[PDB]
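Asker: So you can see what is in the structure, the chains are spelled out below.
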Amino acid sequence: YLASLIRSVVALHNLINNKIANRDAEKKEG
Amino acid sequence: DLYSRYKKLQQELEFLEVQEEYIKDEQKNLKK
Amino acid sequence: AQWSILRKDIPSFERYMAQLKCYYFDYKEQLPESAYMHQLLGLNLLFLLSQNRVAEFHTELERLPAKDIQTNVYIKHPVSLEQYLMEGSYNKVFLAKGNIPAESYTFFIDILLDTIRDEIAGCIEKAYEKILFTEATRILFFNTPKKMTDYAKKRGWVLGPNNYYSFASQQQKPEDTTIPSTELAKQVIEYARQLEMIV
Amino acid sequence: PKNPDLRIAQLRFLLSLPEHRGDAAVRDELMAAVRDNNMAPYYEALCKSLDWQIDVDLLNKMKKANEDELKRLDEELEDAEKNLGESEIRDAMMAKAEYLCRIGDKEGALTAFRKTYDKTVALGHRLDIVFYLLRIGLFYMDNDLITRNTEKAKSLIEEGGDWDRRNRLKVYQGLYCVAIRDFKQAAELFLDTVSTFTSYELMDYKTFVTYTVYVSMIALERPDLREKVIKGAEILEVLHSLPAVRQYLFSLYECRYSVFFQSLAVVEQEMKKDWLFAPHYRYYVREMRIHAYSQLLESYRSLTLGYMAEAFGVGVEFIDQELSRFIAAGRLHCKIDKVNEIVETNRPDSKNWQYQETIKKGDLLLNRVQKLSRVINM
Amino acid sequence: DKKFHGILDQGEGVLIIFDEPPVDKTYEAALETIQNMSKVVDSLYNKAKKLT
Amino acid sequence: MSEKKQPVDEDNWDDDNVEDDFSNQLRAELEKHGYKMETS
Amino acid sequence: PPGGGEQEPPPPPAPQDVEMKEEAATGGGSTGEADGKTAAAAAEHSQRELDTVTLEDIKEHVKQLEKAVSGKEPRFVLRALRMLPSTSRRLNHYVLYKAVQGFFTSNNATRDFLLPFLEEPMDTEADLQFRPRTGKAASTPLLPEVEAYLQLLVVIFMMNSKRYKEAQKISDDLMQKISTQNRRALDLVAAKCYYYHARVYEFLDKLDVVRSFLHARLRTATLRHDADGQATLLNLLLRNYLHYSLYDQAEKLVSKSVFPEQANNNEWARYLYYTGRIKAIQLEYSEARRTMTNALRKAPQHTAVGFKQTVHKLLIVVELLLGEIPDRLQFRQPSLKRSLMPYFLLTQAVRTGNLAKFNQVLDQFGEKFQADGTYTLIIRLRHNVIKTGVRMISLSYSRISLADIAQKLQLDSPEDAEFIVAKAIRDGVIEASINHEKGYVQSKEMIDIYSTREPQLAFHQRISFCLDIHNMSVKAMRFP
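Chains as they are written, first to last, in full-length UniProt numbering: chain A, 261 to 290; chain B, 39 to 70; chain C, 152 to 350; chain D, 12 to 389; chain E, 371 to 422; chain F, 1 to 9, 40 to 70; chain G, 18 to 497.
Derived by calculation from the structure, the hints in this document are not laboratory data. One thing to keep in mind: the hints can contain errors.
[As the list claims (entries may be wrong)] No more than 30 Å apart at the CA atoms, straight line, and that leaves these computed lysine-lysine pairs for DSSO-like: (1) D/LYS382 to G/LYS492; (2) E/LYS420 to G/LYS223; (3) C/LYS227 to G/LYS455; (4) A/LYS287 to E/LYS372; (5) D/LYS163 to D/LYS242; (6) F/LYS4 to G/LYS492; (7) D/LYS371 to E/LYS417.
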């Protein structure tokens with residue numbers, strides 16, 4: 261519960277930080 | 039065109055299987 | 152179908168009944184009502200209860216809108232029968248055997264009661280060691296029958312000094328349960344494998 | 012006007028809903044109703060009570076007189092005297108609405124309160140109007156007004172003045188006892204019992220002590236209940252006045268269970284005479300009956316229910332049926348028995364308790380990141 | 371009142387004395403992190419809700 | 001987000047756990063539950 | 018005209034302007050993302066499709082006179098769009114014809130010209146390169162055309178429009194789906210056309226005609242690869258075969274196509290509803306109620322939606338087929354008032370040992386039970402009338418005399434109390450056992466559920482799921 265959960269949430273934090281920074285550079289190209 | 043497109047997809051597919059291989063290999067060897 | 156149940160034939164009775172059911176599987180069904188249908192289904196509904204297809208029993212009952220409750224004792228007889236198998240009511244099955252609106256349903260009910268007797272047997276074939284002949288009358292059935300000779304020759308249960316002997320059906324349970332040591336050591340390995348190896 | 016007013020709302024309940032109880036409430040309400048000029052609310056109350064009597068038109072012209080006598084005051088005032096805000100127009104027109112809260116219905120009073128609320132600038136006059144809305148929402152138990160203005164009292168007012176909020180602390184948990192919140196929020200801020208005089212803002216004292224001692228033995232069993240209510244001394248003064256309430260306390264704490272039921276029998280029947288009463292009585296007793304069982308099964312692990320037949324009350328089959336209903340309820344963690352007649356208990360260990368909490372909270376967060384992973388990635 | 375670590379029996383009239391487990395700390399520190407991790411998923415829940 | 005699976009569509043405020051437990055067991059709880067003692 | 022007619026000019030033009038620029042930017046955006054970066058699952062495809070379920074059904078119902086949806090057909094009657102000048106010619110025509118329909122009156126669709134609004138919009142050089150445009154702008158004019166509901170020579174306007182649109186879909190399915198995969202669009206297009214073609218076959222005769230074609234679309238599905246195509250068609254193919262009250266369920270028991278394997282939280286939700294309906298009727302109760310529980314907690318994000326009222330209705334029945342019952346009506350709705358009163362008063366009688374009240378419920382509320390598709394409860398819930406208390410007793414007591422349990426279960430005979438408890442343990446209600454010597458029904462062993470390897474099993478389940486989220490997240494997060 262302490263190692264598998266917390267490592268997943270950190271990688272889940274890297275989801276949203278990627279997908280926000282992906283499309284906000286995409287929609288602001290032009 | 040219908041045959042020439044088919045081989046060009048194979049050659050690229052063989053290539054970018056090699057490039058994903060050693061980058062996965064290099065990233066392992068880079069951690070040391 | 153009437154000839155199939157009269158001649159005591161198991162695979163052929165369901166063979167003709169399926170094609171009969173395929174003919175009530177008619178897509179364009181104008182089809183004025185052949186008055187033998189409801190007891191024909193009741194033959195199949197009682198037969199398929201008898202071979203312990205209870206999951207197929209209730210999924211067949213979908214096709215009747217109001218004949219289950221309003222009328223039609225031919226279909227009302229197995230579903231009242233199956234209701235009696237539910238709660239605790241073994242004996243009402245064996246008492247309401249002697250009431251059939253149709254022909255006697257004899258090739259269905261004798262296999263039907265025999266697959267009730269082994270459940271009473273499989274309850275009483277446990278490691279609970281000894282009972283007497285009056286428990287055979289209560290639990291199994293039948294004050295002095297040929298059936299006590301039947302279970303004497305088929306099974307044990309021999310009447311000794313006014314006592315039946317049922318042997319211990321008890322298991323031995325050889326357990327260590329640390330013997331999941333290889334598979335538990337295996338189970339740890341794919342943990343660290345799936346953490347690593349994708350680099 | 013509003014200050015001794017809440018006893019009337021007790022006699023509105025007590026006369027009406029127990030239909031057998033129609034003897035003594037009307038004896039000291041009707042003589043109080045011909046007093047105090049109470050004219051608008053009692054028409055429906057006279058329907059459920061004895062049908063009619065002609066004092067209606069007597070005080071109708073008398074309620075019209077004092078309506079008109081002060082209406083002509085503040086209309087001449089606003090046409091001659093030219094101050095605003097908290098002026099003489101203010102305190103005359105709040106005297107009209109306080110004439111309405113004492114005499115009329117709520118509706119003319121509340122719209123005059125909203126008429127005069129935006130004419131104020133001082134928070135002290137604002138909060139005294141919010142005192143009036145909270146009390147008239149407590150008259151007619153209307154749960155819509157009281158939820159709003161308490162937030163107005165917290166957020167919009169009481170970042171300013173001070174120690175007119177303890178008057179409404181007793182009103183925050185007056186809401187919680189008329190709600191089903193008989194558990195912790197009531198007993199937590201009832202615990203400051205240093206408010207004595209039976210005022211409008213402190214509606215009674217001795218019954219307030221009985222309110223905070225009934226609700227107190229559900230919030231906590233022994234995380235030092237005995238310091239806050241038993242080693243407490245200012246509470247111990249006035250329960251020395253009431254012998255039955257004190258006996259109800261010390262029977263439970265000093266483990267006298269047979270006299271505890273006789274005390275609890277009086278409490279439930281005495282609870283019947285209350286107007287915030289509907290959440291209590293079917294829930295209060297059954298929570299305390301299972302409260303006494305749980306600590307009694309503690310310190311034993313091989314109890315016999317024949318020992319419940321005299322140390323506890325009587326009724327061998329009565330303990331048997333009531334434990335059976337409570338074990339099947341998912342509470343009262345023990346295992347009743349037949350012919351051995353031994354009430355064996357089973358309580359979990361540390362590890363058997365901790366493993367259950369982690370598997371409940373584990374599947375909660377697992378389900379929580381199930382759904383979150385499906386919202387992302389299309 | 372927790373002055374003593376034992377238990378009684380009515381069916382035996384017999385007092386039994388046992389001890390207490392002090393090893394609660396690891397599971398106790400475990401499930402408090404789940405209360406923390408429940409709030410950070412709620413923090414990422416409305417972060418994805420506020421903007422996709 | 002329809003699924004086209006729609007086509008048809040303290041008084042009792044927090045009571046239903048306590049109500050599913052007991053409903054009508056002579057809720058006055060005194061005339062038998064406290065009046066055992068004349069039978070014993 | 019002075020009351021409502023002066024507020025008639027404001028409703029066309031702003032839905033003519035900014036609602037038009039929705040699919041203008043989306044259909045432009047979906048096309049270029051079909052051209053480059055063709056894996057556009059993380060794009061505006063989904064939420065626009067979430068809009069076409071929600072928004073455009075409530076954005077417009079009629080075909081929107083003064084040329085908002087009645088103008089769409091003179092708007093897209095003339096679309097060449099074939100070469101880069103032919104697009105830039107029509108991009109000038111996107112400026113021109115929308116301005117004319119915003120200013121003046123084009124061809125006004127007075128609910129009757131729908132087949133010349135299917136030929137000539139499809140004619141005048143309309144492309145199969147813009148097959149999402151033809152796919153969307155044929156499926157979206159179903160919705161003014163069905164929801165008029167006048168049904169006077171409009172059933173064939175439905176019928177021709179679907180067969181036109183699906184022949185365009187077939188022409189995609191055989192000819193050059195070059196990096197496009199319109200199945201993402203054309204799944205719900207195949208659904209929305211056949212929700213109402215099912216409704217057409219509700220007003221008239223049976224809908225096995227749909228199912229033979231729906232096998233054929235599922236035959237051409239699952240062969241290419243499954244990207245929601247097998248998922249959407251499977252719930253559709255299951256629904257009529259469940260809607261028919263014939264035998265009908267062994268066809269689904271042999272239906273070994275159980276895997277969509279990912280369904281965007283919404284197909285998988287109601288898929289678990291229909292297979293829970295199946296496993297409940299063939300007496301697999303314990304597996305049914307836990308996947309009904311999984312279906313209930315999977316899509317609650319709705320507003321009094323009615324199928325949530327349906328899955329909540331079945332799940333309390335199957336747990337009354339297992340003895341236990343939770344609180345149910347604590348989330349009362351504007352529509353749950355009708356559905357709480359039978360079932361709460363039902364389980365009121367189930368928990369008691371009363372039967373004359375229970376039959377009074379059946380005579381009172383049989384019509385609703387027959388309306389809900391749950392005839393079968395009376396033959397199966399009378400079983401658990403005796404099985405509720407014997408589970409309750411075996412949970413409460415520990416070692417009961419079978420002589421005493423007969424009066425407690427009001428069984429009126431001590432001798433068959435062996436038989437019910439035999440039925441309970443053989444079917445596995447309680448793990449207790451009978452001493453057939455002096456009346457004992459003794460319970461289990463002492464609780465040993467920490468030092469007997471059982472905490473490792475649950476701990477392995479939570480490893481195998483949580484780090485599986487981790488690996489699925491890392492692959493899904495980095496596209497660039």
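Asker: Run every hint past the structure and note whether it holds.
Answerer: Evaluation of the provided hints:
1. Between D/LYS382 and G/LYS492 the alpha-carbon distance is near 18 Å, which keeps this suggested pair within the 30 Å criterion.
2. For the proposed pair E/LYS420 and G/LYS223, the alpha carbon gap of about 47 Å is over 30 Å, so the pair is violated.
3. Only pairs whose Cα atoms come within 30 Å are accepted, and C/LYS227 paired with G/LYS455 is rejected, the gap being roughly 40 Å.
4. Taking the CA atoms of A/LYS287 and E/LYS372, the gap is about 66 Å. The hint is violated against a cut of 30 Å.
5. For the hint pairing D/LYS163 with D/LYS242, the CA-to-CA distance comes to about 37 Å; that exceeds 30 Å, so the pair is violated.
6. Taking the CA atoms of F/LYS4 and G/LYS492, the gap is about 34 Å. The hint is violated against a cut of 30 Å.
7. As the CA atoms of D/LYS371 and E/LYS417 are separated by approximately 26 Å, the hinted pair is consistent with the 30 Å bound.
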